[PDB]
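Next up: a single chain in structure tokens, the form deposited in one PDB entry.
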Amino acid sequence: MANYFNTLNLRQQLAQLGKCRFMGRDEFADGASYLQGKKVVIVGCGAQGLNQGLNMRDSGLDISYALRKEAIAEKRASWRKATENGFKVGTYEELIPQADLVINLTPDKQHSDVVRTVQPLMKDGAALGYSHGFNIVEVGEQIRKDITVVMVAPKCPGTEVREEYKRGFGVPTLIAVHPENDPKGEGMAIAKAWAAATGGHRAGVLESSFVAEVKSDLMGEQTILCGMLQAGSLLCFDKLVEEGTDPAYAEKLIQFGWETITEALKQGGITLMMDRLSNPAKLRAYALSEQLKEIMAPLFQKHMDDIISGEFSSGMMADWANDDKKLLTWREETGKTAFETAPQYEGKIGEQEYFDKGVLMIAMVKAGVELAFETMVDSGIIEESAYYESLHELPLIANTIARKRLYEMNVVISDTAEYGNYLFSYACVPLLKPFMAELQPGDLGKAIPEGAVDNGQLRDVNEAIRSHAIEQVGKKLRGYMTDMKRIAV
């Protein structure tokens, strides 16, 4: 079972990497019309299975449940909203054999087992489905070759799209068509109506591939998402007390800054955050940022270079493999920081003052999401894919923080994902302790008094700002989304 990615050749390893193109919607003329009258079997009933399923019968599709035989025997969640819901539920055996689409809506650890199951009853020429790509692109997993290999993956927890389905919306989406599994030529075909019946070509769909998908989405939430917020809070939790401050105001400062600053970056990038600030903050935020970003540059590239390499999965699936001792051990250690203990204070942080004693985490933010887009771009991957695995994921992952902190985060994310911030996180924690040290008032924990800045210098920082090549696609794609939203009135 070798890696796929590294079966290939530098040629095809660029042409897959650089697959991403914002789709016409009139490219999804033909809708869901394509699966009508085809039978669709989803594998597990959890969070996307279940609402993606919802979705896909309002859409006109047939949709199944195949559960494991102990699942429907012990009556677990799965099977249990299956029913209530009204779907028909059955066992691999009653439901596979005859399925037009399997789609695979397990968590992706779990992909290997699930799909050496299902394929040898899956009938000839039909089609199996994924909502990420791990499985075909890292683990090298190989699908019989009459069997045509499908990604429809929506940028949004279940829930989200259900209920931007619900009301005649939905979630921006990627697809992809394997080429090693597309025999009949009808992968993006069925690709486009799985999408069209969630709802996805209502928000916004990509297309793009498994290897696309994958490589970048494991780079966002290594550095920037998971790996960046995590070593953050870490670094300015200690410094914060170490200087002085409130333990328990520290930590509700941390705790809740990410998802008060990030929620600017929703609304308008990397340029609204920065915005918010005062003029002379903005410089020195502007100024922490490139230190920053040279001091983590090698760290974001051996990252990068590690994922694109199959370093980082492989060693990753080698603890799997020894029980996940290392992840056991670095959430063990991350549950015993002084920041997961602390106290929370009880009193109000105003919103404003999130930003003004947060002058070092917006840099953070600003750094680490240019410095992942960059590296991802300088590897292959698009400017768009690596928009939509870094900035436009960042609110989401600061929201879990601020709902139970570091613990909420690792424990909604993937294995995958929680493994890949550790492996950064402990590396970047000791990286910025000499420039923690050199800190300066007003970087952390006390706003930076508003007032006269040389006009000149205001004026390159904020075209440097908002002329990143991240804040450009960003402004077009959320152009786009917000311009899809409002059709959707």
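Residue numbers count along the first chain shown, from 1. We call the rigid core whatever largest set of C-alpha positions still superposes within 1.5 Å between the two forms. Compared with the form deposited in another entry:
Of the residues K166, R116, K145, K325, exactly one exceeds or equals a 2 Å C-alpha shift between the two forms once the rigid core is aligned, and that residue is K166. In a rigid-core overlay of the protein, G310 has its C-alpha displaced by under 2 Å between the two forms. Relative to the superposed rigid core, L283 undergoes a CA displacement smaller than 2 Å between the two forms. Here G268 does not count as shifted, since its C-alpha moves by less than 2 Å between the two forms after the core is aligned.
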The other form holds:
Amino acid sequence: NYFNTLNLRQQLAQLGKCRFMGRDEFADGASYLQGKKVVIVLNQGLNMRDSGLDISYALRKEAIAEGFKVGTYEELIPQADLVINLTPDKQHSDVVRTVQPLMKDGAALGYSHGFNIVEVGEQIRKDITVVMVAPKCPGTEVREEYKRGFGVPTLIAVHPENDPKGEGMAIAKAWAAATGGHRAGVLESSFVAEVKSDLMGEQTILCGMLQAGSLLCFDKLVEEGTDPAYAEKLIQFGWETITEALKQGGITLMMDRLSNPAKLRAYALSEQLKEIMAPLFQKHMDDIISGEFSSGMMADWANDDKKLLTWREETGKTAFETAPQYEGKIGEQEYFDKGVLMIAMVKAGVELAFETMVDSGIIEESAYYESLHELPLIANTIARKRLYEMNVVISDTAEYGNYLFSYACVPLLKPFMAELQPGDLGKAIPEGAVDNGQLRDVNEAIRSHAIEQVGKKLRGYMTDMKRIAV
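Could the form deposited in another entry be given as well, to go with the form deposited in one PDB entry?
Next up is only this chain, free of partner chains and other molecules.
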């Protein structure tokens, strides 16, 4: 909607904003927010307090009728310098359409995600400064990391249309610092870049790939013997185990945890998935860009979330979701060795998401964070309570997206599955000799990928930031 009012050059200009900000740029912290009253509409407030800010949660009237000054809207919004609205996507219009009137002049509005501004096309009072601070973590590891004296990497942005006194960045950086983001790393992006990539990631590989992949591997393991109790155990904690290597060294390291002959097959499966799934990944990115996605989901918002719930149904009534969990323990290496197709699905999904985004004007640095960086964290979720936990930790917009994709992906891959060879999923592939040349050329192609190169450079930064704990 708002994105669609821009032209190619203007969309591209915004679509490609994402710079890793230096440590010299945060030589102030939450300074610009010192003294000023900050009204949130926990994760962050708790952290910001320890930074020296005046946090105050403004709960709903009905809620505040049945350690911060938990007051209300009119009882806080007026003298508020920065209203950090963190309500669900489906209700931003209302919240913002009731909070603005109460907001004083020269105040700033705070967003966590840019769906309202960009997709819904919300109109904010020309004197209100609109900004955004979104930490890279599906859960609450932001507050946790804050305790360890460190923090999670975060993205900041300031809507051009609403930068009255030109103090958007000052507030943004201040807010980010208060959350500890400057400790890990802050990405100077934009509302448009954040929304398109975010939607792409979550529905295509961060959650979309993991749901379809879980319901495809489990179901397959069962069709091929395998004790469902044991199966479900592999699928539930697998993603997490292989993705932990992914977190430590990218796709490169993840592939190296396999035996050379295993790896090669994994690479082979990887390339085949990308061949099959490419069109779907594209369709998803294209619909996000054209605004066809947002438009469609919103139709469900006004239709009682029918689709969003109907899919909740089937999801909860799936073999995997409703299956016994093996009691015995499974070795770490066992999840790799037995999860060749899973590793292959990760590589293909990560690479395809990355590539599709970059082909749509999104900068690599940005695409990296939305197609690989958070993949681990979301995996940890399933490794706690199957898909259920995932579709609970993530927003409804994410879940809606995941279903939209996964319920299309699964069928698409039915034939492919019906062709798996022994060793692909379930039984391990024995280490052995392999063509020296093929091993060399394949190992190179992997670490040579655009996401492995930037992922390295980016992981290298976020590391030097953790070095500084003095």
